[PDB]
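In structure tokens, one chain follows: the form solved without the named molecule.
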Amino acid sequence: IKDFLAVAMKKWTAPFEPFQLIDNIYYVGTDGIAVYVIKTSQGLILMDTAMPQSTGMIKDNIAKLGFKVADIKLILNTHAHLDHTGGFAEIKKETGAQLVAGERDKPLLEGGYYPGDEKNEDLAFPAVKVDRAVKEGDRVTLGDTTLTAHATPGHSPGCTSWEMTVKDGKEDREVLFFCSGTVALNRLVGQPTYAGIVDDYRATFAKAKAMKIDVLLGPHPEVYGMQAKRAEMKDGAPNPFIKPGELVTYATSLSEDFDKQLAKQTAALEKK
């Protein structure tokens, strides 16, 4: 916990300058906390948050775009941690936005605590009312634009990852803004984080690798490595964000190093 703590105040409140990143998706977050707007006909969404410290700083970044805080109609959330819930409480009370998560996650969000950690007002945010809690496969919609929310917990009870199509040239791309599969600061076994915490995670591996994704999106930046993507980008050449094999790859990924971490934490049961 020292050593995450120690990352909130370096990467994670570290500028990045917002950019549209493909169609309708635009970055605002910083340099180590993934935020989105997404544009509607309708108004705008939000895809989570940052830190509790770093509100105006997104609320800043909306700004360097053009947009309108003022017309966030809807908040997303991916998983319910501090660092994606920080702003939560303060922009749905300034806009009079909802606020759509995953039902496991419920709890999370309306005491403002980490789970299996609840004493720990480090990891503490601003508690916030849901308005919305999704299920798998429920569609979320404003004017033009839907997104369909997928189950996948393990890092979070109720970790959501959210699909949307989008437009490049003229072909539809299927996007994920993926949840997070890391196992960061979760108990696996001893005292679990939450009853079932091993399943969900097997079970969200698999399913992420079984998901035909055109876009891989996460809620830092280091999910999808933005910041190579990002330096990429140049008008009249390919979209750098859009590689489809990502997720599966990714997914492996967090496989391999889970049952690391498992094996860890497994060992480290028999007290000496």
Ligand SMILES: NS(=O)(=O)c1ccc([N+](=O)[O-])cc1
The other form holds:
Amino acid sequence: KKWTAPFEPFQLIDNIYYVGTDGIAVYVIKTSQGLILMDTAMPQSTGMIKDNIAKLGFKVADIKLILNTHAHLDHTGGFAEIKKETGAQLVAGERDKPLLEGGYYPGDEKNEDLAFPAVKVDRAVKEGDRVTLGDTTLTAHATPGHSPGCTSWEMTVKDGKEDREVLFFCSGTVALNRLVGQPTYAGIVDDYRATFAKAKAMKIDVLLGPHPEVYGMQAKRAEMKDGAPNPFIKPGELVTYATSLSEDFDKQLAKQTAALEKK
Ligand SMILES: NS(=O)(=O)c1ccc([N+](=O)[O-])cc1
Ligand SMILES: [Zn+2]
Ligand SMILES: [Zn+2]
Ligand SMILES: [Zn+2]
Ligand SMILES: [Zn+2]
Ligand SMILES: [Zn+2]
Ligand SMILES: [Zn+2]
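I would like to compare: after the form solved without the named molecule, may I see the structure of the form solved in complex with the named molecule?
What follows is the whole complex; the chain from before opens it.
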């Protein structure tokens, strides 16, 4: 369904371009010294992603860096292919390196339906690390929980004369993760808690993420018009979204906890 369904690519704000599917967000960041690719999609969708890149007039061969938000197959599925064909370097949060290099789902390592083609991490990042290509720098923020190395990426764009701060938020959903009993990884609950709080304290103009549902992409795209305000600028949104995530987290934690009582 949605994850592999097409969506027309577009310039989102300044040098950030959407090239994902209807259900998985992928971005090209255009720099003075080549392209940065933010994530990929499912392993079967790599051709579609490359075609979307070409539809905007970009060359896949110009990709120099590939950045990851988090190491699940729906975001990493094209990494091994694109890295091999371009010679790009892969940059990811240090604690997701084992996931990326093994091509497995943490705490469910034998589940082949969650596997992806293994890929080596060239640069393992930590909180505050700066990744520069030409005129463009992204800053890594450690926002674990959804994965142990989940990295939210900060960058500055222009809106007319003014700076606006973008966060590629890495994801904060519970989704398939086990929080209790046999947790997906050690300290997962504390990580989620810390991440919700951290997200609410950041000063972010433009919320993005690895699924369009993170930021209501489709509705904003519909509102775009030459000379009208860029609808992706909503500075309160990360607070609102993190609050919704935290509230769902509480529900999932309670559900999973109750489920430990064997009947
Ligand atoms: N990123 S996620 O947590 O929304 C997610 C990734 C993969 C699957 N999957 O393959 O079933 C489910 C959920
Ligand atoms: Zn088209
Ligand atoms: Zn995920
Ligand atoms: Zn996902
Ligand atoms: Zn290819
Ligand atoms: Zn930070
Ligand atoms: Zn579950």
